[PDB]
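So this first bit is one chain, no partners, the form deposited in one PDB entry, shown in structure tokens.
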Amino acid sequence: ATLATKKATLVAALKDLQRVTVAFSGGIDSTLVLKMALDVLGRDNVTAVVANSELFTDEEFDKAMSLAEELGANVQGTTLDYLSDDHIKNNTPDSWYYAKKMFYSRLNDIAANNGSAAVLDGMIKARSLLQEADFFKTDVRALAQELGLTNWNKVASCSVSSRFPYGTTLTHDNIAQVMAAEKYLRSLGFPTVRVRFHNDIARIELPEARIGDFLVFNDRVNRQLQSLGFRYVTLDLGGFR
């Protein structure tokens, strides 16, 4: 289809819902949904909710809260303690299962309190309207460009649980350790980076085309990540993913 046909399904789907609460993370997808809902449904009939968790950075939470205000939405912060579930706290392979299970249960209850007909997320190809309207990665960038949206989270980052091996118990300490390492690495000019936690070993994942540029920082990163508690600081030769 044309982008206009997919955009029309999205307006038509939204009018049919009349009042929605939209799970807003700040990535390009959720920024498109949040804006489309505000444009078809009005400020007072769309609720943006930003999840606060121990698994995400305060900066990503703060950036989404600020773009939702910048977009003109009533946005509400709700804080989730993902670590209360021992399936998640011990990061067993089902651990995504309960994390999504907790995210949507908080989101479903919020919709009852402001009278929305459904809560929307930003999944592409709970209702995920961009997938129902058959939006692909190229379609989402095209519509956002047409809607004048310029600011969104270019740092498509993930819950910090993905840095830990299955069976490792998450702690306030080792999560902060992983996140302080990634924040330090990003401050040197590597916006895409993972610091995988392996007890005494830190395993750094960088995009392969950035590894040559990284070499000037080896010693400072080595000494900095050792001061955060790692005994050995290493670079994955496989790169990011």
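Numbering follows the first chain given and starts at 1. By rigid core we mean the largest C-alpha set that fits within 1.5 Å across both forms. First, how it differs from the form deposited in another entry.
- Domain motion between the two forms: of 201, 81, 119, 157, the residue positioned at the hinge between rigid parts is 157.
- Remark: the rigid domain rotation between the two forms, smaller part against larger, is 14°, computed from C-alpha superpositions.
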Contents of the next structure:
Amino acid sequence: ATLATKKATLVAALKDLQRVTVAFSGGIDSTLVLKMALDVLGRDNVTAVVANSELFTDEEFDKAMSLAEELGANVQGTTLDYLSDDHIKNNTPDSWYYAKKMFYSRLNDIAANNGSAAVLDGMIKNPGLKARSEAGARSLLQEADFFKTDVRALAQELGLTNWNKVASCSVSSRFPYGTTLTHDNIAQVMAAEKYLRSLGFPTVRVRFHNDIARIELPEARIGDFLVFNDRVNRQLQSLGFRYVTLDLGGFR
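For comparison with the form deposited in one PDB entry, kindly provide the form deposited in another entry.
The text that comes after this line covers the one chain and nothing more.
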């Protein structure tokens, strides 16, 4: 029941596996898995893998690569071509599952090639985990009954203080279901959001409605936002939008 029993379950699971490939995103969870894997198995027995793709930003990729490096892991980036799957390309309500399918298939290929006994990810005890289970990836924190409070507890005891505090969210969510994602309109959404964040709005969505951008901001930020209206209008128009709008309902 205690953290010590949970940690022990995690330690013994790693020792049994001996050589692992870690799906590393930079979150606290996969940071904890990667640190435990390094401490239990040694740097030559752990491969940290960070996936680059069109649905996530270069900034989050670069941050994860640097964090794995900082922890002392051998880290390798791999590029996924999500738009090659028609379910993802056409953004069906099922697209998340096919992206997860391609993700775990790639990490399995890497693990098969480096002699790893398993792919590990950072899933915990809190569905969407269908793709992981189908590929055989192990969520050791979940197996060891780690809740979020235990992750923080163990991180503190191990002296981990550095991880990515901004949880990534697939850009697919900026597009209505049935809308076709392209290299161009994905980049236009990410470039628009990057500009808005640089203005001091870290929580933002630029929702894509063909010629319309619909900006979602937390409502308590909209009053301050007004000073930027025209600069935002023209910037996002130079990115290719015809109309730049603010959702009166706010973020979500």
